[PDB]
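Undergrad: Read off the chains here:
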Amino acid sequence: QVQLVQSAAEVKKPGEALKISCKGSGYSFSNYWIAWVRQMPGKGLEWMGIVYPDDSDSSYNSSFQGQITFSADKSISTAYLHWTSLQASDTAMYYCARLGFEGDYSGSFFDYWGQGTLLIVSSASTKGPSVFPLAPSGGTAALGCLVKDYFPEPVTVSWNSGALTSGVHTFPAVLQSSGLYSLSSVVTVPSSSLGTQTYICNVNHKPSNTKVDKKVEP
Amino acid sequence: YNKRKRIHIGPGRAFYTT
Amino acid sequence: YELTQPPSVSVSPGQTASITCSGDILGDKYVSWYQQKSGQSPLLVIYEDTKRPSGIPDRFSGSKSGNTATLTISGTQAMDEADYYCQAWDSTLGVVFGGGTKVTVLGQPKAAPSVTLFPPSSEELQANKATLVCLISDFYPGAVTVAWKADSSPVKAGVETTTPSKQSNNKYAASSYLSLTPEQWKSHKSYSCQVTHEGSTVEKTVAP
Ligand SMILES: *[C@@H]1O[C@H](CO[C@@H]2O[C@@H](C)[C@@H](O)[C@@H](O)[C@@H]2O)[C@@H](O[C@@H]2O[C@H](CO)[C@@H](O)[C@H](O)[C@H]2NC(C)=O)[C@H](O)[C@H]1NC(C)=O
Ligand SMILES: [Ca+2]
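Residue numbers (the entry's author numbering), protein chains in the order written: chain H, 1 to 52, 52A, 53 to 82, 82A to 82C, 83 to 100, 100A to 100F, 101 to 127, 133 to 213; chain P, 301 to 309, 312 to 320; chain L, 2 to 9, 11 to 95, 95A, 96 to 106, 106A, 107 to 208.
Hints in this document: simulated from the structure, not taken from any laboratory.
Heads up, none of these hints are tricks.
Listed below are the simulated PhoX-like cross-link pairs for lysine-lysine, each with C-alpha atoms no more than 20 Å apart in a straight line:
no., chain 1, residue 1, chain 2, residue 2
1, L, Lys204, L, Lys186
2, P, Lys305, H, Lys73
3, L, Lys189, L, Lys156
4, H, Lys73, H, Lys19
5, L, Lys156, H, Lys43
6, L, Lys156, L, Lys204
7, H, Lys43, L, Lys39
8, L, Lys149, L, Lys186
9, L, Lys166, H, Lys43
10, L, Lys129, H, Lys117
11, L, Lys103, H, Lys43
12, H, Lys117, H, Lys201
13, H, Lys117, H, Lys206
14, H, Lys209, L, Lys129
15, L, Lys156, L, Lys129
16, L, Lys171, L, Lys39
17, H, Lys209, H, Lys117
18, L, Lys103, L, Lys171
19, L, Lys149, L, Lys189
20, H, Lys12, H, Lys117
21, L, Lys149, L, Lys204
Isolated chain H, as found in the complex:
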């Protein structure tokens, strides 16, 4: 069976160089073109270019010419996508894909794809979040915590030390143009409990050893 297996997730800084890999097995790797495809989160597939591994011949989308190159190491059936100077907008998922054959020639479709390599490019160093309260302002009130400006993922959030689970909604983070993540978690509660019940969001960011329990007051 044909398999294309790509290298692991990358977290880099702007200006750094990087190469990611796509190793093909189950066929004659040198004989089929490899495409590289970019997909920003939540967006579509965009073609970057193609490389022929037998001779490293490449054809680029000229919008990326000058930021990327391709190469191949035929001895280990692997193709590469290189950048010599990353920028924040290079954050995306990258796939390789094999172009299939038709008749005597290569064809027009990509019949096998890698599993993807996620690239995140940010100037940030490891940083724990600031946690701000999102005060309730019914009979229900939503209150929450804003978990702001942390790096890298992930963060966990619980409420009242895990004692409050119903009506909890913890949202996935946004990666802001600053290079830092933020996320929020909100719990919907009886309006009448606001005077009496204490609500505390427990935020943990293990990369920075940041563990904060923030009280959210009315």
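Knowing the structure of chain H, use the given hints to seat chains P and L with the ligands on it.
TA: Showing chains P and L with the ligands alone in chain H's frame:
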């Protein structure tokens, strides 16, 4: 010559220019 | 440079989903279609307009009429829910994809989003920052667009919006954040987050 270097993209003599 | 597909198709299990892809190059170029399930790589499901790879069910068929290719899924099943992309080659510009079509196989009624908009907290304004937080939940199918207003004017700078994510109730959530200086914050009468879903909009507003 290596005919797999040519990329055939529609019926007939329709190729991509590499 | 993208071929044109409808952004979204929603069908109940058993019904036919028809996805179109048009572009001026398609009349004499082979069209391929890929299925991309959430969190997974694309998979080829039709190539050379009408051909199916081995292992793809016969309920996927492709056709083409002039500049418009159509992927038809007959007897759609829940496992066919995915984003589907068409593709072809421009002779000199290379591989052109369609914009993608999110095909949802409906397992519950369409649901408009619930929107909760928080103003900046007094703690954050004391730290010389201001973030408006628009939390969007319980919408289905899982796609929304978000627009922000300062008073009544469109604001684009400072906005950052997440992809949608599936909830445990199989509806979806997303969030959008607008970063302002405290002075921008205090200087308008109000700011609003407007979330559009399946052509209908849900708006919330906060004021300093
Ligand atoms: C070739 O690439 C261009 C450029 O893509 C953009 O720039 C890259 C460096 C990267 O940041 C991409 O994610 C950007 O989208 C593609 O042209 C873009 O197409 C999108 C979709 O139609 C459109 O919204 C942008 O305005 C286009 N930008 C430009 C400068 O033309 C293009 O589709 C790629 N593929 C082909 C076949 O050319
Ligand atoms: Ca089923």
